[PDB]
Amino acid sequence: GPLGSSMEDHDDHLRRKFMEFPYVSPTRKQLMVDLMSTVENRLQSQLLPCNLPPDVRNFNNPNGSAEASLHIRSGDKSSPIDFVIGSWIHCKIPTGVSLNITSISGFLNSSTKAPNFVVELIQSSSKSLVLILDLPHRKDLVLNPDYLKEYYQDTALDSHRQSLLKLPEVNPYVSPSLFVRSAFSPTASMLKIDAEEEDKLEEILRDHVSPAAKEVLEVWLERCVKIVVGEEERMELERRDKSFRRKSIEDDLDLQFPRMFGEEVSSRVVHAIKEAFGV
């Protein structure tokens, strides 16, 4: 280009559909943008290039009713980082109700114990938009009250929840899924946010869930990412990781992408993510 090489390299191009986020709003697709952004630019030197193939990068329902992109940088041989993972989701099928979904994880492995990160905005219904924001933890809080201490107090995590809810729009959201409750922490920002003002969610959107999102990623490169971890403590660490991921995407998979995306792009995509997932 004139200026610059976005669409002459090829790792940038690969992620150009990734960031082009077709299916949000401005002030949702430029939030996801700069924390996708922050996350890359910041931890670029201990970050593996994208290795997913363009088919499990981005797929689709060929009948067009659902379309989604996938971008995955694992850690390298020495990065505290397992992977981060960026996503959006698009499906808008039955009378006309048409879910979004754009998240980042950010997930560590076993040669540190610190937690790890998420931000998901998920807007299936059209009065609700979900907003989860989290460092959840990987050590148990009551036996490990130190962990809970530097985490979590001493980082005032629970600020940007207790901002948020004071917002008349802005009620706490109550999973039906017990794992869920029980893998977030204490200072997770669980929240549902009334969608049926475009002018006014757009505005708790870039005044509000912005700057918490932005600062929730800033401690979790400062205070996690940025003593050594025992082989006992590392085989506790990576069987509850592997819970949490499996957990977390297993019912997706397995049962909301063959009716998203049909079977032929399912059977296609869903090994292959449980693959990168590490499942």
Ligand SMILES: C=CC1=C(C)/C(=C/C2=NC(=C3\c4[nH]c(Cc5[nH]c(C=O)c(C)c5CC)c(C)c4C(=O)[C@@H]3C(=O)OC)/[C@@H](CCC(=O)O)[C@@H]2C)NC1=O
Contents of the next structure:
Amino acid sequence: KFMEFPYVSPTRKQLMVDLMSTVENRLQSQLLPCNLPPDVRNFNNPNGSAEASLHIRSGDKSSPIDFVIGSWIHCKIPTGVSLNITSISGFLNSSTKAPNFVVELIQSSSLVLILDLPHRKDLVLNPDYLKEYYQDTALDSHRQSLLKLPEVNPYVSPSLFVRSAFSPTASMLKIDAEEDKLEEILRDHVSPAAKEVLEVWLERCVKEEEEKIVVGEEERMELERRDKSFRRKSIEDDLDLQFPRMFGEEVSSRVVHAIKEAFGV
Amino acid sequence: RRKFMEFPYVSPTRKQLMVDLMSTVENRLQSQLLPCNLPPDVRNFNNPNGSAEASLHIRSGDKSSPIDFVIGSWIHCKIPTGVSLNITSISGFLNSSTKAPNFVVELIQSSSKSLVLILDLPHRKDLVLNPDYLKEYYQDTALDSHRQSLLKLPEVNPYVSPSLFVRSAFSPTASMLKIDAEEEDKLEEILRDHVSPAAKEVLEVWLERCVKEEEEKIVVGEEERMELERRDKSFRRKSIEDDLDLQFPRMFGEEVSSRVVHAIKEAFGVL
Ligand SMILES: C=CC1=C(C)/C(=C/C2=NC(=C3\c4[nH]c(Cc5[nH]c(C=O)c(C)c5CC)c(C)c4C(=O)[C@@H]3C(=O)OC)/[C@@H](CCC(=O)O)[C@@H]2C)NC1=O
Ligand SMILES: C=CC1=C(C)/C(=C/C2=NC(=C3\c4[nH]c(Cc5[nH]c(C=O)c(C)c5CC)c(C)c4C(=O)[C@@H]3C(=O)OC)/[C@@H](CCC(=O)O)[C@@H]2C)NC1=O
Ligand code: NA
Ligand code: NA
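Following the display of the form deposited without the named molecule, present the structure of the form solved in complex with the named molecule.
Once more the chain from above appears, this time first in line as the rest of the complex follows.
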């Protein structure tokens, strides 16, 4: 269990737990046991400059879920600075068309937040999917709400892919600053927002009893290609050239092997 | 009784940018632009009461040309609020004989508070599915530089549209900007010193890297061709039934709208 969240702050560490828990609970009926070798559920750099923990529960069949993943990456920058990442991502299989789920707190020095329900179909070709999963809900409210905060501004990634892989309502934020209020921000706004978002994913994207015969060979293969494309790109950009570094060639390869396998790539 | 290239109600700087822009297009694509065949009724029109006045300019592309058609326009309208709305724009649309990006530049001044600028090379293929399309037309270029460059200016800020559709229909490098204040004096400087160069450079990459002659002998495969067709349909469809279908009957009265919306839907090839 990576539920320890060692290096993070209590407030941050607390959000990750509530979030992860809700996930595993509201979904027990459809999630399988974590079947990762202890060698992957927890790993670090030989020299001890970086430690991490992974948690991956795959979905049962008949279930709309492909798999879920939680993790925290703690590293020590040779510049004396410490990088700490904590995330939770939900991936759906092609038996469903509904958006995925992702929340991430990223802090190298301020703090970067990523909260969103990643669309799984082209929104320009499918104007109805846009209406169904984003207009109707209130995903945009959470983004705008967080914006009002003075020490909170829009975060635009250096990667164009990242920018396009996220939905129009996705919350990509850079919260500048000074513990004190930061933790207040997390507990009073971020968490409420993050939990609300996850809420919509569960009750409207995962839970369901409508999809008879729907999603035919073509539309379905469409999804598997797009999901595959996305999953591969993101692993080649975040792992392939960032892991051999943080934990040495020995580790990465085996951890990235597991992941690429978990991701079907 | 104003012509398209007259741009009556806006300012000199804005008016000049729109003229330079449309002319560069017309001059640089002489070889493949067909002349405007819009009836007088559609080139220029207004609401019988005098509240709204508009001018349209559409040049369809010849066959063998990668161009669907280019359209230029300006809408002047006086809101029951006592305030006036002015929109000027130029869009370039490519047909299925190519996969290359489209082109758009729009200036929108609803209130006397802010001028909204929309400058982008709208993508025509899904970027997550086609990462190479993303690398070819966006990374490789310097399109994002225009966006962050213009953003440094204190008076300039991000403009996030009420419409989720609009938010997705644009490329990640698009410049969706909200330019501050009515400090006429400084506004005119920005458009003159920054927006103009930015737009002409953007239009420049469209002309020489999306449209550009060279070996245009590249045939869009059978299935890629159909996707483009479908996605272009969807986009145009949405775009018109959102901007025109809900706003025109209001601005110029049912009589004119149906006439101009009909001409537009025809040039966009929709049903
Ligand atoms: C839907 C799921 C996901 C999305 C959308 C996602 C997005 C982003 N991750 C970044 C980063 C990142 N991620 C990880 C972990 C990780 N990545 C994957 C990918 O498949 C997996 C499975 C895992 C778990 C093992 C590390 C170690 C790490 C960085 O060092 C990097 C970062 O913070 O640098 C400052 C950001 C790129 C930077 C940018 O904005 O230009 C970008 C925001 N990461 C997702 O997991
Ligand atoms: C590739 C081409 C185009 C793109 C991509 C495009 C995008 C946008 N137009 C908006 C608007 C808009 N457009 C027009 C004219 C017009 N629309 C079409 C559509 O097919 C045609 C053919 C024409 C005739 C030339 C009017 C009158 C009008 C508004 O009142 C509205 C606006 O700004 O209100 C403040 C924005 C809505 C969301 C927002 O507020 O951010 C959004 C940014 N408009 C294009 O023309
Ligand atoms: Na703010
Ligand atoms: Na600025």
